[PDB]
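Shown here is one chain on its own, the form deposited without the partner chain, set out as structure tokens.
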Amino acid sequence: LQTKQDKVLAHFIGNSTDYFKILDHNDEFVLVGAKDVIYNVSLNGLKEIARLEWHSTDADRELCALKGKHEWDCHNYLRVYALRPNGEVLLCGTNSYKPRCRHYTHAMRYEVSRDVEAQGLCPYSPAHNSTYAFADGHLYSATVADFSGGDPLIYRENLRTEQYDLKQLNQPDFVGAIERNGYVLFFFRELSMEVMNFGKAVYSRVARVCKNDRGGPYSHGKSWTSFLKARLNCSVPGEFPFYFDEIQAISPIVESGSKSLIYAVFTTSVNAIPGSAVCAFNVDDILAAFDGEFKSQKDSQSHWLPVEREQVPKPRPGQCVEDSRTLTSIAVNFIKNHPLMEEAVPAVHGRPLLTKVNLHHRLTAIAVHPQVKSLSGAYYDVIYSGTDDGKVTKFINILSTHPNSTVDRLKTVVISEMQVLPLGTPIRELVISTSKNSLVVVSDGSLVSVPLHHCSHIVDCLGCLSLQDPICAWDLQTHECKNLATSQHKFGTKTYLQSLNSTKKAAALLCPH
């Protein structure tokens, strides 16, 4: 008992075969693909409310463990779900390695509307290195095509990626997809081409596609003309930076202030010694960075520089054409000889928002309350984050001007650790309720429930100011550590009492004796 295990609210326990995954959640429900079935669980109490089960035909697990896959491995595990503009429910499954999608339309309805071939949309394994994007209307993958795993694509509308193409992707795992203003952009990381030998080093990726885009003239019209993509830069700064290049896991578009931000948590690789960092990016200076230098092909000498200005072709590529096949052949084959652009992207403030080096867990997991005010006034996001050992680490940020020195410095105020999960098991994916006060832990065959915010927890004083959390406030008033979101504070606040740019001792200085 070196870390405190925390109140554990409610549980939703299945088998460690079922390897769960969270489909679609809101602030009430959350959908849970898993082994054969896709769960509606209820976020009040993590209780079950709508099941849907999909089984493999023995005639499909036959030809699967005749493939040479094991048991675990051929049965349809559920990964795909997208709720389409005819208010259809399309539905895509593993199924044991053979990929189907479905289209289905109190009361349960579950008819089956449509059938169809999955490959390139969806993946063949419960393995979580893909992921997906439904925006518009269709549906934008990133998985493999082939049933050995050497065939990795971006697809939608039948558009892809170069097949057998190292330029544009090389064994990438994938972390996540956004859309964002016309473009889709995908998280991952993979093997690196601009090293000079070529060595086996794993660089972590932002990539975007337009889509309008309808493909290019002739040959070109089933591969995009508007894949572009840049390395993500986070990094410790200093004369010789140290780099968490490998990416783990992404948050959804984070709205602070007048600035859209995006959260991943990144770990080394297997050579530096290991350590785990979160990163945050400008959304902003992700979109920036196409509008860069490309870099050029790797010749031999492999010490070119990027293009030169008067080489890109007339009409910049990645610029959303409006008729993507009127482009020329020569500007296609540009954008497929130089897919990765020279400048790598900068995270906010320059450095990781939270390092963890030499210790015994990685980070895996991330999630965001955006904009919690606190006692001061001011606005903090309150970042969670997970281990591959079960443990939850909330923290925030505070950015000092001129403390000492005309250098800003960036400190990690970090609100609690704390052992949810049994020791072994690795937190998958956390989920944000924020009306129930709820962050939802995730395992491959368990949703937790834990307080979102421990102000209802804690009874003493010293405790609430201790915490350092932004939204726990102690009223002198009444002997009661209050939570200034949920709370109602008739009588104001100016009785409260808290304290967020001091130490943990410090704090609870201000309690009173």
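Positions refer to the first chain, counted from 1. Just so we're on the same page, rigid core means the largest C-alpha set that superposes within 1.5 Å between forms. First, how it differs from the form deposited with the partner chain bound.
- For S487, a C-alpha deviation of 2 angstroms or more is recorded between the two forms after rigid-core alignment.
- Fitting the two forms on the rigid core leaves the C-alpha of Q171 displaced by under 2 angstroms between the two forms.
- Once both forms are fitted on their rigid core, the CA atom of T326 lies less than 2 Å apart between the two forms.
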Given for the second form:
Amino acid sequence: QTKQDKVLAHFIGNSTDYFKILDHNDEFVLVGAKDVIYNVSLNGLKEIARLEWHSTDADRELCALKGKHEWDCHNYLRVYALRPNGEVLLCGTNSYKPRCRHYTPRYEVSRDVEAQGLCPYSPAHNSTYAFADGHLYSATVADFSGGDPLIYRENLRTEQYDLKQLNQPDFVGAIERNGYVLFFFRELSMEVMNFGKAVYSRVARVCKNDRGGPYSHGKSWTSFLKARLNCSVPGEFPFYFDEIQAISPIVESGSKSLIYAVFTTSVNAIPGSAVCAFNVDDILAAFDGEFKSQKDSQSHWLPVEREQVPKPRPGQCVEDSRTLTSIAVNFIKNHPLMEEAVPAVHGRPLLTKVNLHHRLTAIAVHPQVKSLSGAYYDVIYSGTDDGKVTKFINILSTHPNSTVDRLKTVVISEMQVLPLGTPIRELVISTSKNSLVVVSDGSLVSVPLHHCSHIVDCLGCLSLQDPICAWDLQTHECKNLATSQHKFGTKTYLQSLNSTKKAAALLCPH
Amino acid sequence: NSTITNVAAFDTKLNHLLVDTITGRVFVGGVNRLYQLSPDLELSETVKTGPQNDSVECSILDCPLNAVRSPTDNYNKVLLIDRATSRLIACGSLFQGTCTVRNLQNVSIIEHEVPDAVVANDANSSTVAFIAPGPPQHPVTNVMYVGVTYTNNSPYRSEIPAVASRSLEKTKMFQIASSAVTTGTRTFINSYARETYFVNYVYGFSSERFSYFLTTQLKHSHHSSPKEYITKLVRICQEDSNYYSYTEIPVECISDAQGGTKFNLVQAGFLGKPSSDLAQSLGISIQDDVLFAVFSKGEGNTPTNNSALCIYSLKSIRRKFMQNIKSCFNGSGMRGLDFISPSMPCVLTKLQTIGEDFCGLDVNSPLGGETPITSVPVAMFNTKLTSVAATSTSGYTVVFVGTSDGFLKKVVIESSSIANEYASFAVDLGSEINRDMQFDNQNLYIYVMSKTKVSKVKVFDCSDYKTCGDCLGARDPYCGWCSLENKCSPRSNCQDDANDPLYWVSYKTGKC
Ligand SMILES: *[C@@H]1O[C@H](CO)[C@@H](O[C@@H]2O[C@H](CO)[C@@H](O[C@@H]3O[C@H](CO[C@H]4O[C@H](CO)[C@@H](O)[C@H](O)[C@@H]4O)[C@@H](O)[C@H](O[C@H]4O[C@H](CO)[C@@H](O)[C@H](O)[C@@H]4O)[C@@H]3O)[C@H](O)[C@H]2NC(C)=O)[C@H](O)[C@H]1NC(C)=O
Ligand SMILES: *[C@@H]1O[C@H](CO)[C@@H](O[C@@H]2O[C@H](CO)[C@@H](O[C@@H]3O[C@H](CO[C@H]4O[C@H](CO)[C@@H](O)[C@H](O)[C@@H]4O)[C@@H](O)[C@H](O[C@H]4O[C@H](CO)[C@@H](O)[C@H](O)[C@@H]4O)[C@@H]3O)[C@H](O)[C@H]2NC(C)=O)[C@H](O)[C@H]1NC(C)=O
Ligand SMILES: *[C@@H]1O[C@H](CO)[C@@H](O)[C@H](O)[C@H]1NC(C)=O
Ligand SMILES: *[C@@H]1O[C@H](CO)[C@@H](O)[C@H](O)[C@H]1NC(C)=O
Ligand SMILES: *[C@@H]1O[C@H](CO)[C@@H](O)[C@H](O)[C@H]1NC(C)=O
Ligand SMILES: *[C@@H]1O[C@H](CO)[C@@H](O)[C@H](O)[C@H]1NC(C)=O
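Previous: the form deposited without the partner chain; requested now: the form deposited with the partner chain bound:
After this comes the whole thing, all chains and molecules, with the earlier chain placed first.
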């Protein structure tokens, strides 16, 4: 059915633990697991260091006492941050009793304290965080029962049990940007007056210089705003992928900053996955438009009347948010949702997989791979829930078959990396080692980022349609253009990306 | 009248009444006023608390544009005494529900003025406050448990909790006693139910390491069901500094008459001790507590003239709370209290020793019980009952009941099944008797407060029964008849020097 990929290294643990990439460089990666955290070299996926932290027997008997199982009552490490002083911030679920520690140098415990609101209770990939400018921004639950979602920083949280700010969310990522912190998640829909247990995906925002409102507002955000993400197929017959699954770090594709995301359809719907990309400027620009009106007993009204917006627009970052008015802070706490939806790049998904057997689950991008013609293409890697990795680019052929520009998906390879059933949780790219680290629940596998060296046939080199591999005609070797040097006026190298895959093969003589 | 001893008529409408348990001084809180009196209702001090310029749209510090402060009345909502530190607490309706701290010897003196919004700023929205042990420290410091109805007249009203513990420390006066990031000594009603689902707090009391609130409220938060009003009982462990133990069970006072009769609306409550005979019926010791409450059948939220008197022992209240808690922790049903946060299913738990003292955990924390504590009333009435008080100075428990028409009735409770009126007379005709109705320190006089007056009523008077058929005919449990002397009087007043044991005879044990 599917060709297996050439596995370079692997790092295996049990299936019982649950790996979460907590930090990644091109040289090293940190993996939080059941009772330890690993410092792993990307050179050979070899363990370099370890820090074990087990829940006390009394704390994990309390967990099983309150209705949990053995596999739930462990100390799943889920937050890491290197503090600016050389200190190490390390938090774990601690059998549904989350704790945070301060390791100082090897390491020795220097502080231990409760972590409610700073670190999830459950090892599920429900939460996220961002250690931005020496401050931990956390998005998780603060209660054992999981019904109090919040976004917490030092002395600032969202409104407890306020469903207009957060209605049963699942966080997928958090990005630092330009004095804001963006949170990506899927949420329950109460925005529309006729909501019926629908799930929509949001991007949220808080100012980093937020200090709370005046008087009683001093413990709550004065800048929390969210917008819906639009990953739909346009046309007369729209098709929406409303449940966001994974995001990527910000990717610098030329002059545009982009965030790539994986979306899927809801349960009991036509099963399907998609990949979309959103400009960082489009995300921020949505927070400058109208606000969406709150629910009333009439439920027949436009977005917020623009006469109710205060003179200093809510959401902007003021130097002292404690100087705002009760009118202004109460407004933004009752209108946290923007009216406009963040549009997608090219206005459509970059890849779609509808009514297939598998679903997409993770995303990673190798930006700005210069092709043979000198065009820059982002190479997109998306893993499936059955252990495959799809590689592809997008070509924007200008007027190839109609007057409106047509976007096309060029699939480079879709190979099996993990055993046939195992879900791919995350992806980490090392452009240096030309390696792609695939992360499952209990393993890390590395595969080649680009397969130019492996192929030896002319048909294969052109049918691959990788923007970085091209067939030489002086040398019979299919070569990697990152290390090679073409000169634009030589018929030596051969590459075909815009055509079909069979048409690329016809370029091969004999 | 000889049964009524002193009568004090006041110039304003009166709201609350308390008696100092050791000095017997009387404190009366009213509209725009605040009075202090001696145990004989002689006026000592009077304090003018209003009117002042105030708008409901404005706080003390800021007044939004196009809104103007206007002179408004100051309804007294809380009246309390702190015993550890001699100081009186009085809260008014103005300025978003502000409390003042006044000296106990002289109420005219203000010792501490707080700006914190603590109490309902409405004139008719309930507010219940009592002082009892609590956090931050282990139970050596007392706190103020407050329950406030959402007046729905200001944006500043969302800031005020519905049930909360509040500190009595001079440094942190009236702040929430213990508060952290995700939890504290506080319960709010959610943004979606806050303006529609109101809670009426009737009575508050502390008993055996738990704080209690007697409430009337809608049975359901969602609009899926027709509006039914029920009486609930709100509880919190006093060691609990997280309100993990916030729990509610409904309270049913059910009657046989007209097929099914439910007295759903409670009007007043009183916590007191039983008598030798009554304690045997309830299966409790004489030192145990009994809750006395008067319920009225209500057309919607309005009480009708069809009331009943119901008693509840706190052993059966604690065993009913335990019954609802045990059931949730066994995985059955839904957690309840959907008006705090959306109601999630009860979790199955390995808990093996949930008892009457259960003090709460992270799991199944805000629990709403559906199994009610049920009682059959010992008496029913053709008028709306508005107060209740119980004394067992005699060998029997006598319950004092106030009427919305101004009548005082006495009921003697011999069992959980048998009780009947033996006295009934008007104290202030045409004037509803206030809920705050308290006894003297010896339980010899009872203070009955109507709209504008307070009456010191003698609990019993056996001397006015001349002949003996009148003494035993009055069927007064306080009154017997000495054989030798021609006096009607209690047992202690006769002299057992007579050889016959029939020297003092009761109204049902013998014939005169
Ligand atoms: C996972 O495990 C790996 C391997 O154990 C860790 O990688 C090592 O991390 C340590 C700590 O950061 C590194 O030590 C630091 O090296 C810096 C550079 O060293 C090179 O360059 C200098 C000259 O510039 C040469 O002399 C040297 O031989 C190296 O060639 C130093 O600049 C650092 O010193 C500074 O910082 C310390 C700490 O604050 C100060 O006390 C010093 O005074 C000075 O200011 C420091 O010595 C080490 O080099 C890393 N090794 C490798 C192979 O990369 C990972 O850190 C670990 N994972 C995580 C998340 O920590
Ligand atoms: C996710 O992203 C997609 C694509 O970016 C959005 O799809 C767009 O949806 C909007 C509205 O839902 C569409 O705009 C609508 O066009 C209708 C007809 O357009 C034709 O007619 C105009 C006339 O000038 C032509 O110029 C045009 O080329 C088309 O031929 C209008 O009827 C719509 O109503 C509005 O305008 C009319 C006319 O002025 C008014 O009478 C109405 O009251 C109203 O103001 C509107 O203009 C747009 O075409 C869609 N694009 C695509 C590519 O499909 C999704 O809506 C978005 N999803 C979310 C949730 O944000
Ligand atoms: C405010 O109080 C003043 C007394 O100082 C009074 O004259 C005035 O009428 C009040 N304000 C309004 C709007 O009535
Ligand atoms: C009580 O306080 C008032 C106001 O301070 C004062 O006028 C009075 O003299 C004080 N003492 C008595 C006994 O009234
Ligand atoms: C408050 O209650 C009294 C007596 O029931 C009534 O006269 C008055 O109108 C009520 N006020 C409001 C604002 O409902
Ligand atoms: C109920 O009884 C009181 C007597 O105190 C009276 O004021 C009221 O009008 C009565 N209501 C009805 C409906 O009989």
